[PDB]
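*Asks:* Spelled out from the first residue to the last, the chains are:
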Amino acid sequence: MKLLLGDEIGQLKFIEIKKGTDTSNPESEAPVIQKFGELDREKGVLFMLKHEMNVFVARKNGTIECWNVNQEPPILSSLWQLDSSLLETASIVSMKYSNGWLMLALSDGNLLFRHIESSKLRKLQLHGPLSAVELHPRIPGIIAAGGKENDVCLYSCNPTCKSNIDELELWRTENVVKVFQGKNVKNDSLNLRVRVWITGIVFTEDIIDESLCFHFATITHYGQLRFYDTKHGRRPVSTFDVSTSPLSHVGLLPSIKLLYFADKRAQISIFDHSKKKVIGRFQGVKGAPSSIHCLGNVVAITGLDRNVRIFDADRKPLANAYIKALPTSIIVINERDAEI
Amino acid sequence: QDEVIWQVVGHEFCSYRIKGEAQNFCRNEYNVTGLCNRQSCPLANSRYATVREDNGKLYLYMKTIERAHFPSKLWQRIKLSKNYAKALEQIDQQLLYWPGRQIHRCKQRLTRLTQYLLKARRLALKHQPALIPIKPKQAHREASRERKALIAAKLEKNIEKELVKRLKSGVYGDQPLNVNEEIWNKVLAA
Amino acid sequence: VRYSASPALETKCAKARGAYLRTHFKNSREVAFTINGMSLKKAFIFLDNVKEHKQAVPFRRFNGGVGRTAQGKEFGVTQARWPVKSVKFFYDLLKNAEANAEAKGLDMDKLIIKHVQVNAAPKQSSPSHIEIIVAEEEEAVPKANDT
Amino acid sequence: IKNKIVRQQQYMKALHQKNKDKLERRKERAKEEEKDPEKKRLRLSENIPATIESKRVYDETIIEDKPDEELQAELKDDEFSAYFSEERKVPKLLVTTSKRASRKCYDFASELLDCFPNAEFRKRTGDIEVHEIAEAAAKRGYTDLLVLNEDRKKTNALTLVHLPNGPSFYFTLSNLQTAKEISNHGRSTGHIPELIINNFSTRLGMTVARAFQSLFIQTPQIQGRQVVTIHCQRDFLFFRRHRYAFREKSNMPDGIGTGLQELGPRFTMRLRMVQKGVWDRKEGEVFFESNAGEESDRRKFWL
Amino acid sequence: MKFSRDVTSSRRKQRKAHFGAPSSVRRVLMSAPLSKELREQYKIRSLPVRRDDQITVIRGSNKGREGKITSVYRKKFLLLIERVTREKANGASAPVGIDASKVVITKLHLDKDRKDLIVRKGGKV
Amino acid sequence: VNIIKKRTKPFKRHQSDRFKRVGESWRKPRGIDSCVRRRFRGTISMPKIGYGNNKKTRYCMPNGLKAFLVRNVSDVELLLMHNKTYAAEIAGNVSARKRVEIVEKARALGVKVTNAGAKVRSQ
RNA sequence: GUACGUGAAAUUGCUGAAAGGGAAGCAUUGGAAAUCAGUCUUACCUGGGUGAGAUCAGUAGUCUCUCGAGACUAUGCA
RNA sequence: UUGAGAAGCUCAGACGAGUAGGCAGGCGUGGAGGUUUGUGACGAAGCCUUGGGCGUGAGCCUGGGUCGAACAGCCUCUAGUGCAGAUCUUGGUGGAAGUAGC
RNA sequence: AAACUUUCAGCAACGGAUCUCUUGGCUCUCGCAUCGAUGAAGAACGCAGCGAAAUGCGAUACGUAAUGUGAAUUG
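Residue numbers (the deposited numbering), protein chains in the order written: chain 5, 1 to 208, 218 to 349; chain 3, 3 to 192; chain P, 2 to 125, 141 to 163; chain x, 4 to 306; chain Y, 1 to 125; chain e, 4 to 126.
To be clear, the hints were calculated from the coordinates, so they are not data collected in a lab. Accuracy of the hints is not assured; some may be wrong.
Using 25 Å as the maximum straight-line C-alpha spacing, the simulated SDA-like pairs for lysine to any residue come out as follows [stated by the list, open to error]: (1) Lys102 (chain x) to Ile136 (chain 3); (2) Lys139 (chain 3) to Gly296 (chain x); (3) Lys284 (chain 5) to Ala322 (chain 5); (4) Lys137 (chain 3) to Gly120 (chain e); (5) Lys159 (chain 3) to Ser7 (chain P); (6) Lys163 (chain 3) to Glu67 (chain x); (7) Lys279 (chain x) to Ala322 (chain 5).
What follows is a list of derived Cβ distance ranges for each label pair [stated by the list, open to error]: (8) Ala132 (chain 3) to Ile51 (chain x): 42 to 50 Å; (9) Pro158 (chain P) to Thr117 (chain e): 49 to 57 Å; (10) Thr117 (chain e) to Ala21 (chain Y): 52 to 60 Å; (11) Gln140 (chain 3) to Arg106 (chain x): 25 to 33 Å; (12) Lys76 (chain Y) to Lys52 (chain P): 54 to 62 Å; (13) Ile67 (chain 3) to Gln181 (chain 5): 52 to 60 Å; (14) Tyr92 (chain P) to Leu26 (chain x): 16 to 24 Å.
The beta carbon of each residue, even a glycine, is placed where N, CA and C say it ideally should be.
Could you put together the complete structure from these sequences and hints?
*Replies:* So this is what it looks like as structure tokens:
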């Protein structure tokens, strides 16, 4: 399988791992890599969104760029640079793409929306501290906010859209309005406030204004995955104690029509949204996963045990490698093995 | 139908009784004092009134003769307000003209159920250590493999093997101060 | 095997043992409690004198009818004898007491006998169990000046 | 055989043949090796005794001594840099204790402070938590922060954090001995001691072992000739502080072999949890958690 | 419960007729469950174990190791599978006894006898 | 009321210190030849009803709370109204997990668990 | 480790600490040494301000029971 | 004012050796029915303990170590149900003693 | 003072109790009627590939034939 990697010290590891490759097993074949990139700490990797084939790898010093992996080896296509004032106090917590637009949202509500090819940028300002934002993949130009003591609220550039909007109209600071703001669940079983700390937002509408009744589910640092709705109201439609370690990553498995999650202690486990229970866990991981990317019938978990697994829809471990460094994000390129 | 169900269950055998040594205790969920007394047992006493929490909010459970033969519908319920002076004034207005002994119990089991929530809430908000279990199978394995791994390192021997190598390589000034005058010349010979 | 002595560390010590030794129990003991606490090579020069009647070993506890000798006063004991069979067995053990540090690679000329043990055995006479501990003398480093 | 008397007579005679032909295998071997010591060699080069260190599980993160750049690019720029770079920050230790600790926890908390100069002792009083301690201790020029955590008047665990964001390590002390209990002990002095660290083949071995280099002063006085050891062996971190004196020893080939005298303490740790970031036992992200079921193999090591 | 006066419920009588059964009874006591893919094409819940079957191990420490049965050891009540071998100190390998109730049969060694048992016992080929 | 004991040294059957066949639990002597039965002075004493303790401060620990064997998590619940006159002694065969949940709930009821610290090392 | 599940007592040897002037043994009251436990950890209680909501709404709905009694889902949190 | 297990609660006086003997209440052991939404591989029973606790006592509860598959409280039924002793039965081990002696 | 004796504790021996089991016993019940000159019960000897207080067998000897099951035996 073709899959690209990048660690906290900036360098890019480009792996050609295949099925049956357990690097702990001496009788298995060795990993095939073509490593490059900067070896310094300051250009350390944070995120690897996947434009249709171009990887857009950001960095801690703000060197967000465009890497095309069609060429062997990948060669830098284009490069962006951000001002150092947005690096002084703020830190980068997200980067997502939908309809020729690229956010680079920061940890104080600064929303640097950069266009891909037209390069006309639009910055936005929001409420208190952020920890995760996301774009509605189906309807263009809908944002979701979230952070500690900043519960989920849906700022939207165009509230109606009705199918799509022209790109240059998108994300003007005059038209972004919150069409949804969350309302907390009731008090606890001892009459204590359910403190809110949103850590990740995923839009569940695939697996459950034209095209209303937005459906999404969020995770919390306190360990309670919560689903949501708009037609039902502003309270969460369901609350579960899926784990107790702070939940770090949430996402979809589009081939099972099902939604997984993860945590700090590597309880990466799929979750039945229909039977309201956890169905299966990704076993073998011993260490905090840093990022997980999914594509089709396979997933890749990169963890602070310095490994990259390949699990599937049926949580069967395919490939297991070692990567010599502390990774930060993993991206899957080819679902097929090395011989295809 | 009351002394019948006390000379059977109070003196022969009741499945809730606990033979203590200075007392006897009742394991019923609708006991107001916890003990298996005559004026306390919820089976003999056929008009009763208890207070017992259920998921944060304290309730009041009451029974009568005229619902005794309907075990599903036997106990009714009233939810007691958060204000402690309101709850006492709501026990009395529901338990009116009941004996003074019984209403005494409910108010005492309201003082005792509020102190449980006013404590377990503060107790839950403090940061307190983690009671984790010890395991005899995995502390007899450690003690077994320790002494097998302590003597399997020649702990003292590998210290001195490199200690001279730390000397002989010369990490200290040529003539150091931790060595006597004679055997350093052997290192010069080395 | 789990031995009876807190000493015999891996560092500067070695052990041997001998089980089901068809000798007497009240005769190897008084030998054992004499050789105890001594250096190793001296004990060899010691016990060979017992083999040639040059030195007798005192009989302290099991002193039944042991006639007085002239050399029992080297330790102050009235009665002593020259057992030869029991000290033949100890020589077999102390060879293994050497040849175990000879395989562990110790220093042989600072080697004392640290703990000698003599027990009983399942009767068939009065057989014996013996285990021995030989250890280096645990030297002392001079203190650094002042602070 | 369902009998017991037959079963240990049929075995006594079976063993006494297996104890006979083994001598008959070695007696005929005994005569040809003193005619030809060259067959003695091959066998010795063939049948070396196999031991656990030689029959490990093959773990691919055993870092060879060949310097590969991606290693030294990492650990020259980590948070342990100040105690490894040219600045040579003398680390100032803070040794607190578990809450409401006892007398038998406090006489051990003086034996570690014998090992560690540039180390204060501050008994934990009242209601304060470790995460609030670390941020309150970094602002006063402290580097690491140990916590002795007794229970029922015996010390069982030890956690050290790294300030203000460094990796936090939760060992458990075991086989605890004081300085009085050891036979032939010694007095310690004010000299800053010397370090040795051995057998940390794993990469995680060179993450803990740097956090053990981080507690000691980066250049010690040599007048005291005091040495402190952190010897990993089958994933146990043996701690033994010694005082040495070089003297002639003919057995070891250089002829000069020192003689050690222990000072105390004598404790021995496992490794349970490692958290990048200050140690919060419930609000933390786990760098490495100890699997108490995958350590059954005595040939599997993680340190 | 059992309602026959010609079956025994005592542990004494049942635990004697097991451990001292002859080597023809010791065959049908060593049977294996069929896989979920064979349970629907033969309509048979379980087969007695032959040599040279194609099994997978579900329970035990040898979980999931697939193989073929080398020597069905009817005496000590255990199968012996290919290449699942605990080592020995001397240098040779030893066979690990996997219980015949733990394995799951994935491909039968179909013969004239088995087929004439399959086609009548609830299924077909 | 301050607890008090009329005796602190238990009674010890006669000549159960010399012989190892004779156990130390008390057995009243049965022979009129006995020195002890006739109660000669200098010999050991005997269990009598005189050494009975106060009928209110009986069965009490030196603190003042009587004991109570709690062998599961719903045996400490009865002690909700009796937290100032009973101490929840956990039974011995209770596992080292079911034990750590009685402690966390008895602590909410303010009940003294006497041996909550067993098998439970805290971190 | 086939002297093989657990491995009591008598009984034997070593080590540590004591005691012993032709009797110990035990009982009572205390000294010296060793060591153990005790919740004492902290909790408690009292105003204002800030925020959260619920048993509050000069509030709208569902279900099970019996007008209202509980469980709820909204929306405000006056 | 709640102290109604009326088989409970409460107040006040006198009394206290005890043989043959008479009466009463309890403790413990193996099995049986009922009961504890009973305990148990995160370690049941046992065993050891210079640990703590209760009862006047028979006894019981418990901490630590050991250990490895079962076990207990309550109400009843049942008995091959309690040991210091019988020149007691079987087994094990001592002093006499390395003496008598070959 | 050391030794010796005694006492306490730890360790090592001895020893095989306790605990747990249980292809054994003991007791009650139910069905059935079947040894021998056509050589019985019992005895001796032999027979196994490697067998030794045991089993099976009779020179067709740790058994053949016939049927049935269906691919083992085992150190």
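*Asks:* Each hint needs a verdict: does it hold in this structure or not?
*Replies:* Comparing the hints with the structure gives:
no.	hint	in the structure
1	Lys102 (chain x) to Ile136 (chain 3)	20 Å, holds
2	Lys139 (chain 3) to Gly296 (chain x)	11 Å, holds
3	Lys284 (chain 5) to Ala322 (chain 5)	18 Å, holds
4	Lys137 (chain 3) to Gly120 (chain e)	14 Å, holds
5	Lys159 (chain 3) to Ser7 (chain P)	20 Å, holds
6	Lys163 (chain 3) to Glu67 (chain x)	21 Å, holds
7	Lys279 (chain x) to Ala322 (chain 5)	31 Å, violated
8	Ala132 (chain 3) to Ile51 (chain x): 42 to 50 Å	47 Å, holds
9	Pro158 (chain P) to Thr117 (chain e): 49 to 57 Å	53 Å, holds
10	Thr117 (chain e) to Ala21 (chain Y): 52 to 60 Å	55 Å, holds
11	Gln140 (chain 3) to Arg106 (chain x): 25 to 33 Å	29 Å, holds
12	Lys76 (chain Y) to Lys52 (chain P): 54 to 62 Å	57 Å, holds
13	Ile67 (chain 3) to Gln181 (chain 5): 52 to 60 Å	55 Å, holds
14	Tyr92 (chain P) to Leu26 (chain x): 16 to 24 Å	22 Å, holds
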